[PDB]
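Coming up: chain A.
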Amino acid sequence: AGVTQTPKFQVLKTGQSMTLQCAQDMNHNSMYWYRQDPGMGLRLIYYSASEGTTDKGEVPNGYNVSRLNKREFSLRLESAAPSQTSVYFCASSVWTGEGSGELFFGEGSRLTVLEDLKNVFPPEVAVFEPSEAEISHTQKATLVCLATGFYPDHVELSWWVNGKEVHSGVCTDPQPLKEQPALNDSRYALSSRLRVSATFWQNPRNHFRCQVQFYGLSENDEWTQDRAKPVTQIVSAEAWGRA
Partner candidate 1 sequence: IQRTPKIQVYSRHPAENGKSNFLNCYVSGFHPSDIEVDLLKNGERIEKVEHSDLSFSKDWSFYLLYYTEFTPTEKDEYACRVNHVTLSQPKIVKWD
Partner candidate 2 sequence: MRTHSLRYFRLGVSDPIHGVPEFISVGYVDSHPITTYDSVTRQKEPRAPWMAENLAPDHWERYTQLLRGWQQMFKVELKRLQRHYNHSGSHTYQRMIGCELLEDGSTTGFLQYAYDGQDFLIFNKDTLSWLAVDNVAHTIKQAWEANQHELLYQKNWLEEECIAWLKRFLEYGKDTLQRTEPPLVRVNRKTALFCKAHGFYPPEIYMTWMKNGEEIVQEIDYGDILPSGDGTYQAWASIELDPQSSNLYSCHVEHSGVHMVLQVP
């Protein structure tokens, strides 16, 4: 499997604790925890040059690590701070004291640490059916999915055609849009398009769905707002082909 780290996404209140897991099944000796922040190179938090030893990197304050065995290297945030909002990568290499051996990275863990969870919102999802003018002018049909009002930017948008997820003919914005660019905690919007042939759209049996997985709060997070608790959840919208 290579390097497996969890969780992919996490929202945290200031002062909450969190452990990130990382395992590698490549029989590597050296493991690493990095954070990635916009505008700067990767910064090493802690590393483990071999089973049974660990040491600080460049930014160890606020973190601790445990090399539990040759496979596993966990990262601990005892008391989360907003400055620890970041993307975290675990990595491993065969050795550390050599020159040419490369790093193998895990998938990354996106952490958002907030003073108050009342800023957390799930997306509203809506699907918009193709323009008839487009169909007659190009013989093609573009559906649009909008996922709007969410925070933090912990979403995964997918298109589903006749019950199966599709990727061909899809483009989803690489970065979300800030709905209020000046506000620091602005909620986000994300658009995606699915383009099919006019013939495919005009089959009334074809069914289109856009679904957004949101990563939000869990049972143990405290909720005191009048609105609904913004838990991890899937939000979707559909359309049918039209003859």
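These made the cut because all candidates are chains of the complex that A comes from, given by their letters.
By our rule, contacts are C-beta pairs under 8 Å (C-beta built on N, C-alpha and C of every residue); 3 or more make two chains touch, one makes a residue touch a chain; residues count from 1.
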item: Touching candidate for chain A, same complex, options 1 or 2; value: 2
item: Complex contact set, residues of chain A against candidate 2; value: 29-30, 47, 49-53, 55, 95-101
